[PDB]
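Consider the single chain below, provided in structure tokens and representing the form solved without the ligand.
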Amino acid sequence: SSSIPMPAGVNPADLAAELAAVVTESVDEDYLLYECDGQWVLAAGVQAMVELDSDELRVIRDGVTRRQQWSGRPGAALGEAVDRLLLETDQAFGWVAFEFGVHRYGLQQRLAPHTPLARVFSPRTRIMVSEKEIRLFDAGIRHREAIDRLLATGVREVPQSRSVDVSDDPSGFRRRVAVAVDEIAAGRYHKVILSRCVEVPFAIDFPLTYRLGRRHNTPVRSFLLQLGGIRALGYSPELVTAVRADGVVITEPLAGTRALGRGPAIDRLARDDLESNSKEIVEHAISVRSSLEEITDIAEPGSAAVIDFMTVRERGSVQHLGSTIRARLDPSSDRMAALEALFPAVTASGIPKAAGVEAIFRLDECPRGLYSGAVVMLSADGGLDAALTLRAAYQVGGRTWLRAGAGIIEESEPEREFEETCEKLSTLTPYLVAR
């Protein structure tokens, strides 16, 4: 409805991350900022919130809750609730937990009571931000003065970050990897993704940290949120599921990543390894095959295909190797069925998936929650965008932490894998802004 040209300097990411504080009608009002390749959407305030837990489904509106039992597949239950939410809003936002994908393997009985599966909400206001402009919608147009005020005074500057040590291994990651390798050697499964948490010994400013990190990470998707007691931010280069209004469904398993922008010789060496690494190539092939099979169960017959097989995508400080799998949703399926069909991401669980998920219940700190889960954006026209959450920071119940994993296979060395987790964490650890 209303628009404001984005000024000379003023980086969109910086303005978008600071918008919540000024449009937020009072308090620490919940919100979710979602970026889609340079296009930010801020969903500020909660009009209606849908909370799907392992044992209950709640709909909260203005402090009034509606509790009820749900049954069947979580995708069906969530889909029905979100479809009703979208009757009152053009877009809904939220996150889906790793645990959302365990029911399909008959492992939901292993979830403790009150395990969250999904949190989706209709916002009170939506603001879009791009390098070109700031767009306000409907009643949100009354935030024009506040936004103009912010641009007039300028956004808070970003202070220096505070370092954190990621070398300690309190959860025994190395030992857990040794256990997995043994199980794989025994033939119980081919691969499993195990992870470890790193506690941040000081409160961080999420909007500031998000902004600092966004100046060093340029993922196709990113997020910053404050929802139901959880603060989280992340940079997600992997799309676990995307459903378009026309029915096209896409998933993009990522094969591997290498640093970029360190000069010709170094960069080409890194790329050659990325495109020739037998280990990553084989695992990617297996992941692509897995995704094709999964998508085929919800697609129109003969519409599934692999587009851009093993292509390299350069994203500033890093370069990714991956593939895009595409299909057309079967007229008897739905976006939620598509999400659960590809959940949990094969790249963050294991192979066979059923065996991998089961191992994670035994060899990883559960519930994983947002980690290896997804942040989502749903549209009234049938659209769904789900970014896999891996490189992220969380704050819950007074605790702040990061989490990173590694794919474990028969030849994996616990020490090498521990080092891989350090490498991944390094995309966030140097940008933590305190307070």
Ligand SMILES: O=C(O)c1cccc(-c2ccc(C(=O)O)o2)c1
Second form
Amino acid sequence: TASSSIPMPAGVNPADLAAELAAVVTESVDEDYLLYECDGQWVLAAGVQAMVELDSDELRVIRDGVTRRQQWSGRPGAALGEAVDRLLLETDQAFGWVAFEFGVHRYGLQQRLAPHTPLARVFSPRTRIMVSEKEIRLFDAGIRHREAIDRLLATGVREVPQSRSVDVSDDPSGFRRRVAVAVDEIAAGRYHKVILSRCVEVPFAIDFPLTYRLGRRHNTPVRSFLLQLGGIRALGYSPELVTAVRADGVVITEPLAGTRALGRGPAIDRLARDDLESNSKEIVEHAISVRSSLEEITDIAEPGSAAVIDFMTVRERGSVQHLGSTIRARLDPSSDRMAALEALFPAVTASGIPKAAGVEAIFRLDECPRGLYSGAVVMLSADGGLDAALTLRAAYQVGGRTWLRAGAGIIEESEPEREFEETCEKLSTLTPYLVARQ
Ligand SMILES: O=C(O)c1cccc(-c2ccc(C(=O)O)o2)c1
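Hand over the structure of the form solved in complex with the ligand; the form solved without the ligand is what we had up.
Below: every chain and molecule of the assembly, starting with the one above.
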């Protein structure tokens, strides 16, 4: 099905070649794109053939300057799903992002959103370039894209420049104070856990593809992305899989809970791993989160199909390590891939426990709308597939402002100073790897 298949050159890693190709194609064609890494394939979705924009109050489908603009009601997953299924009648895959705000409708909180709040942006690409350890496959590539790959193979990948440091120690948004307020709300019995966050400004412009390459070779995320889409530049090393739906009907979700530092050498990392695996506080939070995922997944699964296939094992994520479980079910004939995403979104590590009360608290105690942060980056296929990675450990550039964003799960025993240090550990997935724009 690919019109070209080129063997991967010796000594070149696919993440490096795919991100370099995104830079070369940017220079020659100047188009929007989304690069998504999923199970050893880096798929560069290049150019926008058609775009679906789901907002809180409207749905727009834009193709070649022509817009279908429609009011929508009911579930946001049905509005997005109907438009995306339409894109996939004539193309194999669609890609994009879903905001954290897409998940508030299931809890009846959508009236709290401001008008015109973005919920999702999903596009069908003009071209797809798939890069694996074995080969480069070209789908619907015109002469400029074919010549860009030829030029890159002739020159080889660029050497990544040295990175530039950033200060994460300032607290202009009062994260420590906001954690103290959440702790008091938890002590009052309003909820059990809430995830709060803070932004850190990057006071210099970064090169997104070079920063992506440098951070990727020091991280082991479950998925990753690099994009330039409708005025947003973003990259991330997604630590958690929100949902994967396969064409054969198998649904997977991989919740994480608990955090210890990682990357401090073998001896310190082993002590942190043994503490994480045996700490009552982390075990209880992980068990509650697995029980929550199983309750959610039963609403969309064939009866008796839900199962935990890997339980409470350490998942290494670069600057941090977490407890994780892999939950599997079979999609019920009465359900669909968007209803599976809606059942599992937002993740507990994006919201809290109970999830409804965590989302309500975020509207008051966090900077809203969150947008891409704690939402998902997605890949959908014409055969029914869906892959949705949780957007944490990401960097953004919008309108000349570059920033990072990290948070923490706050419970009754949380201390503001420790939670602030925890956001610093999560920021460390990116802060040593920022390449300035040259
Ligand atoms: O609540 C937990 O146990 C838990 C576990 C792993 C991650 C997170 C979490 C919340 C926000 C971020 C981030 O901005 O990266 O990460 C929370």
